[PDB]
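Other chains dropped; remaining ones untouched in position.
Just so it is clear, A and B label the chains in written order, and each chain counts residues from 1 on its own.
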């Protein structure tokens, strides 16, 4: 299961 | 793999707006000729569209409305939780309004609804439509 989160990392 | 999407609308059942009450959207089949549900991996719940797959979505809506004023937004999961960029407004025959197109990250279960946030007078929503379409899978690492 894939979900966006506050731990999601961007460039 | 197909993008997730949904189109939920009301063309034939007027409703009087009330503050923070999601608008009813009973229909998902807009083509009058080849009438099929325009729903893929979303759920039309009766008063909005629920996401099933995480992604970046475009969301937008329309309304047809008959001093008096009406202000509307899209909300995320609960009616007070309004989304920036999604405002529409009528201040005074039938008047049509259209939101912009908002790009936003949504997770499985997120429920997008159209909500009134300011009303003066008798605001009759003659028609409404909500558009949700996936742009991208999640773009995080």
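Convention: contacts are C-beta pairs under 8 Å (C-beta built on N, C-alpha and C of every residue); 3 or more make two chains touch, one makes a residue touch a chain.
Asker: In the whole complex, which copy numbers belong to the chains shown here?
Answerer: A x1, B x3
Criterion: only the chains that are shown with their structure count from here on.
Asker: In whole angstrom, what separates the CA-based centres of chain A and chain B?
Answerer: For chain A versus chain B, the centre distance works out to 25 Å.
Asker: So in the complex, the part of chain A that touches chain B is made up of which residues?
Answerer: For chain A paired with chain B, touching residues are 1-4, 8-10.
Asker: Which positions of chain B touch chain A when the two form their complex?
Answerer: 54, 105, 107-108, 137-141
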